[PDB]
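Colleague: Keeping the supplied structure of chain aD fixed, place chains aA, aF, aC, aE and aJ with the ligands upon it in accordance with the hints.
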Amino acid sequence: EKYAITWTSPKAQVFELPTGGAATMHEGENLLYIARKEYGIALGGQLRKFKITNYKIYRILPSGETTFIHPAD
Amino acid sequence: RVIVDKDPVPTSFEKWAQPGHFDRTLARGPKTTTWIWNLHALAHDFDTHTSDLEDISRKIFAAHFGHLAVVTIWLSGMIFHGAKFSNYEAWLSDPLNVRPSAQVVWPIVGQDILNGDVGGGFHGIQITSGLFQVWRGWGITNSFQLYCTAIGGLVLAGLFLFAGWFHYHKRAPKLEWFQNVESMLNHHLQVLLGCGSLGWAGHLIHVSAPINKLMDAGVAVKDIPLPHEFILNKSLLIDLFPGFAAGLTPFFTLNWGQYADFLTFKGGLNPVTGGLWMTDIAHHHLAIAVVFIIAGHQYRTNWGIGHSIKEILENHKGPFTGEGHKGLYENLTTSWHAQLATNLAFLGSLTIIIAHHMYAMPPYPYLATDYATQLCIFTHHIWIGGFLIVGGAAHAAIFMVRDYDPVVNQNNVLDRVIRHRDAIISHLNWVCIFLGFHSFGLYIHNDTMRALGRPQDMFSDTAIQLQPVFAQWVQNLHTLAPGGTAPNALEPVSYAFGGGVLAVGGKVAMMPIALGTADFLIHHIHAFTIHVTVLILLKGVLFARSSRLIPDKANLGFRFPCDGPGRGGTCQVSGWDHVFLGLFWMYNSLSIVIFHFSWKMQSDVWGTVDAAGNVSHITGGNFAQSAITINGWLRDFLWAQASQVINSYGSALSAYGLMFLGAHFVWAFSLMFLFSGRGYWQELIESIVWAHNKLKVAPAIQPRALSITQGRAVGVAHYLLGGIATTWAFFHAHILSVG
Amino acid sequence: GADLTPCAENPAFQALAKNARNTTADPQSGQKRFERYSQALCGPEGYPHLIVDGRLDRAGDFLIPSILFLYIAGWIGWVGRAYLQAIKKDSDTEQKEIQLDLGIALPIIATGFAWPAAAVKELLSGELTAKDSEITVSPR
Amino acid sequence: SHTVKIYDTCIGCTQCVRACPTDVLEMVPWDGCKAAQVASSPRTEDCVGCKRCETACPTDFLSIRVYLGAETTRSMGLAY
Amino acid sequence: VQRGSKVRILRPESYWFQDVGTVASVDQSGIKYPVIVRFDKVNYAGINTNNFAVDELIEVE
Amino acid sequence: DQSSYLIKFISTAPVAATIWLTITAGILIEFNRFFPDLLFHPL
Ligand code: CLA
Ligand code: CLA
Ligand code: CLA
Ligand SMILES: CC1=C(/C=C/C(C)=C/C=C/C(C)=C/C=C/C=C(C)/C=C/C=C(C)/C=C/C2=C(C)CCCC2(C)C)C(C)(C)CCC1
Ligand SMILES: CC1=C(C/C=C(\C)CCC[C@H](C)CCC[C@H](C)CCCC(C)C)C(=O)c2ccccc2C1=O
Ligand code: SF4
Ligand code: SF4
Ligand code: SF4
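Going line by line, the protein sequences match chains aD, aA, aF, aC, aE and aJ.
Residue 48 in the entry's author numbering sits at position 22 of the first sequence; the count goes up by one each step and never skips.
Residue 687 in the entry's author numbering sits at position 674 of the second sequence; the count goes up by one each step and never skips.
Residue 54 in the entry's author numbering sits at position 30 of the third sequence; the count goes up by one each step and never skips.
Residue 10 in the entry's author numbering sits at position 9 of the fourth sequence; the count goes up by one each step and never skips.
Residue 17 in the entry's author numbering sits at position 16 of the fifth sequence; the count goes up by one each step and never skips.
Residue 27 in the entry's author numbering sits at position 22 of the sixth sequence; the count goes up by one each step and never skips.
With the rest of the complex left out, here is chain aD:
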């Protein structure tokens, strides 16, 4: 696994997974393990129509290192 993306949702609603297909986010903090960073921004723009701008893409190395790479601040 690599590049975890987390976001906080106000409620539950059906979104579209970048890997193809539709899932249902929880209310509160979510977590999705994707393959590449290109999925997380293509998902992060799909959150923008849900009025969510609190998404954080990590970088999970196989050693266990999790590097916060989006945003920079």
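A portion of the hints provided could be inaccurate.
No more than 27 Å apart at the CA atoms, straight line, and that leaves these computed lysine-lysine pairs for DSS-like [as the list claims (entries may be wrong)]:
1. aA:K72 x aA:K183
2. aF:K112 x aA:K709
3. aA:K72 x aA:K28
4. aA:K707 x aA:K44
5. aF:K155 x aA:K709
6. aD:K75 x aD:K37
7. aC:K6 x aE:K7
8. aC:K35 x aE:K33
9. aF:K145 x aA:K44
10. aE:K7 x aF:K113
11. aF:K42 x aA:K707
It should be emphasised that the hints constitute simulated quantities derived from the structure, not laboratory data.
Modeller: For chains aA, aF, aC, aE and aJ with the ligands alone, kept in the frame of chain aD given last:
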């Protein structure tokens, strides 16, 4: 529940003046020549404008009256051209010798040589569309019945064109009139199909089959009475069809066996015409009609009783498929492309079934007699059926981009094919590869074994059998069905399975088609070229919204060229481009179906019967040992049968000689668009705009090269046009000479 | 050469004269082209071989249609040139390209027959061409 | 990876930052232009060569340019 | 120059090289290319405006 | 004025070029019914 808006759109010539009024971006005026092509491209795309489904649906229903007018103008034109400019009254006296002809050519530039002698003192182009078989099958005897039909068609073409004005510019329906799909299916299955075939069943019994029975006796053409005298003078419906004096009461006392003279179940071909029995078609379209009027009482309307489609689909769900068919009602009652994908992949697949069910069971008088007609009716509706299946695949990919909704389509069977779409494609990728080696490589095996002088190592009828056991068996069941599993028949459903040879004059109407080793290979070539076509079209449907390469492909659109040179290169990733690649394989698949047809029927069906019953075929019976090698498909089919199309100068087949070469040109011309790219041609125009800037002939609308998507679209339209027209001009000039 | 003896003397051109095909429904359009083609030069095949040299006994092949074409072809360029000169000094000029200003296009069409008298006038005045400092060019 | 050069002619339109799908680009303040910010590419090891950033830039000629270089796993766009 | 002055372009990489523009607005301090020139014909991107330096232009009015 | 929209429609690109190329093609056709086979000028 009819609610209709009153005058939405004013009828005016205002918007005819400015072009491209429909789109807000495109109406501001042209700046380059890109605007000229986007006007003709975004023209009949009514969905891009608004989100108002009520406003779009009124444009769609009114334009559908526009296409009904141009079909009726076309159809009444073919009757009118067959009324004046034809030899229909000389064809009825001798269909065995007089060739079907219309379209007399004006004599100006020496093209009067195209008006060749077809027989009957008449000079014109020998038609192959088979309208003389239809008009005799309708029972038309003289020219005046063709005039009043064609003049009647021109009136009926005017009512469709008036109602298209009326139901849009004057009285347009609301939205909820369109979404009464339970109320639509009840009227369209009963009144259109059921009552249409019940009324036509009344036309064979009272009119057509009395005339076609007097024709088979060989009485005359003029001496046969007018078909309204068959209704008045009932004594002529009792000389023929003796089960008619009992009248109307055996219908209502359930004495339906009284009607056994003119609602028969003969089950075979008429030995005089080589067509179907007219009494069997009468009992067909009547029994067709009862089933449709019953089954159109199914769906619920204003009176409570009836099924509901939102309650049929949501019950059918299983353990494997989760919520099942729950949610597919809202896809098919809101989106117009979901309807257009469904009504076109299943009407295009229907058209191919019509082509197979008309060469073996010729439904018209003297249809199987004319080899030139029967070859061309098959090969016509083959191509018409194949374009629509690609269109159903096209407008399904458009559904996935614009009209797909995640909220409705949650965990239903549409959602569950996008989870395992990698398992669908990669298991389909294997079968396309598996069928590629084990069907085409058995031709490459046979090419090499015959070239190496090893004929005993080939997959032929002599050396290594590959006999089609599962289709030789089904022919033996359909041969033995009269007396057995269908005792009421006499001969089989057709003579293509078994039975005997039915000769009409000298020419074979239908002979039992024997399947062998060459027929095993070519039916598995067909399964190969169809599964590959499905592979390309379904990949454009499943990967329409995203893939592992592009996670946001639906953000870009249905029709975009690429996503740049990165990721190795992402050109032709769109859902449009998989429709583009499937048009070639559709062309590839259907060209072999019409080549299998045009050489199996000539080698093993068609020909002349001698006195003792010996059947002398056209090509002498060489499909068996030559349709197993690619040399044999080149020598004995493409090379040997083209000796009538290229030797046809100075004769009436000269236009097929010119369309044979002229279509080789347009095919080769299309490769300039397919192979090259846009960015070359934009650079070249910059050096031609310079010489146009120098002499002050600089155009205000700037020249641009064709766009990336359009350069592909021009290159496939000129490809399919020249490739089919080659075959169009090759089938005609071969079969208008040996037939 | 090769064997360009005139068509009136040929056994081959007279053999092609006996099986004439009527061009138009005129019943002697088959005959009224072979007597017209007798002054041309038929080779060994029996077909008139045109001479584009410029010889005045053979002016009908190429010399006469060349003046006839270049009057009509330099017309269509000059009409299409002088219209685009006019519309550039207007309000929009892109509407008048696809949607023809018929009030302006029709005086230009009637004007044309002194285009050799106008093109030479435009040539000597230096208003035929444009300056190379005023045309866009590609970076070298 | 690839190479993203940003010249000094852009206007701070923020159309190239809102188009690069791997988020290579970001705006830094810069007292030159009218909008007082220039695009910058501090994360060019993530760039996939998409050239969406060159398509969205207004200025003629382009202030941003992607030079296609050596292609590692992140720039090939491989999920495997 | 001023709002309405026809100028010419000498930037070779630009699309409207040696073509006649029309100055729409001139800025005061920054960018180094402070002259907005509203052209009349469009480039391949479809736009018809650009920024240019002060010494880049050739006034023709 | 409804009539001005018909002059303005008859002078668009495909409509004018359909009529003008029909008059052009009809001149070549009716010249060739009456004077056919004109390979060269007869002098
Ligand atoms: C029931 C029939 C039907 C209907 C109503 C539609 C309707 C539509 N289609 Mg569709 N389609 C169909 C069948 C149909 N299609 C079939 C059978 C195919 C497979 C080939 C397609 C493939 C297809 C694609 C790939 C696309 C559409 C698109 C569209 C939309 C806009 C089309 C448009 O404006 O074209 C305007 C008309 C033209 C551009 C003219 C095209 C002319 C063709 C290429 C040449 C015809 C050759 C002709 C027979 C020979 C002429 C010879 C010449 C010498 C005169 C519209 C909703 C487009 C879209 O974006 O949808 C939203 C789109 O991208 N369709
Ligand atoms: C004659 C030309 C030709 C050939 C051979 C192929 C071959 C193929 N195309 Mg293809 N294609 C072509 C033209 C051709 N295409 C054109 C013109 C287009 C343009 C539209 C396309 C578009 C296209 C698409 C869009 C797709 C294909 C697909 C396929 C594959 C189908 C699987 C298959 O049958 O492989 C089996 C191989 C053969 C039938 C070739 C015969 C090989 C023999 C039997 C064995 C080799 C002999 C010997 C052992 C060699 C070794 C000798 C040693 C000394 C080295 C295959 C690679 C599809 C694909 O890849 O998915 C499956 C696919 O999606 N093609
Ligand atoms: C106003 C009309 C016009 C005029 C005067 C010229 C003049 C010229 N063109 Mg050009 N051209 C035009 C229209 C015109 N072009 C159009 C519409 C096209 C697109 C098809 C081209 C495509 C083109 C190419 C590709 C090339 C030229 C070239 C040339 C030069 C040599 C002549 C030649 O080869 O003819 C070329 C003619 C054609 C290719 C076809 C002619 C186009 C139509 C048939 C004529 C236009 C008539 C116009 C629509 C009438 C409008 C009337 C108005 C009142 C409404 C010369 C500068 C050549 C060059 O650079 O040489 C140095 C060259 O390579 N032109
Ligand atoms: C060819 C053509 C044409 C013509 C057509 C026609 C001629 C039509 C007709 C039509 C008709 C002529 C129809 C009919 C129909 C009928 C029906 C539809 C009937 C029904 C009935 C019923 C339903 C009955 C029943 C009943 C009984 C029996 C008893 C009890 C009661 C009741 C009433 C229920 C046209 C012109 C278009 C043109 C194109 C082509
Ligand atoms: C040749 C070619 C071109 C250039 C071809 C063009 C532009 C075709 C245009 C030719 C027609 C004739 C232009 C018509 C212009 C006027 C309508 C001509 C006036 C004539 C009328 C009076 C009939 C591309 O733009 C292109 C784009 C993408 C992939 C491949 C290719 C490609 O192969
Ligand atoms: S279509 Fe052309 S521009 Fe687009 S990615 Fe492919 S090669 Fe590059
Ligand atoms: S490079 Fe392009 S997108 Fe980025 S600031 Fe400059 S003009 Fe704007
Ligand atoms: S390579 Fe181009 S498209 Fe990809 S992120 Fe960088 S600037 Fe954007």
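Colleague: Look at each hint and say if it fits the structure.
Modeller: Against the structure, the hints come out as follows:
{"no.": "1", "hint": "aA:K72 x aA:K183", "verdict": "13 Å, holds"}
{"no.": "2", "hint": "aF:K112 x aA:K709", "verdict": "11 Å, holds"}
{"no.": "3", "hint": "aA:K72 x aA:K28", "verdict": "15 Å, holds"}
{"no.": "4", "hint": "aA:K707 x aA:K44", "verdict": "21 Å, holds"}
{"no.": "5", "hint": "aF:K155 x aA:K709", "verdict": "10 Å, holds"}
{"no.": "6", "hint": "aD:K75 x aD:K37", "verdict": "14 Å, holds"}
{"no.": "7", "hint": "aC:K6 x aE:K7", "verdict": "33 Å, violated"}
{"no.": "8", "hint": "aC:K35 x aE:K33", "verdict": "10 Å, holds"}
{"no.": "9", "hint": "aF:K145 x aA:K44", "verdict": "33 Å, violated"}
{"no.": "10", "hint": "aE:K7 x aF:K113", "verdict": "16 Å, holds"}
{"no.": "11", "hint": "aF:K42 x aA:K707", "verdict": "57 Å, violated"}
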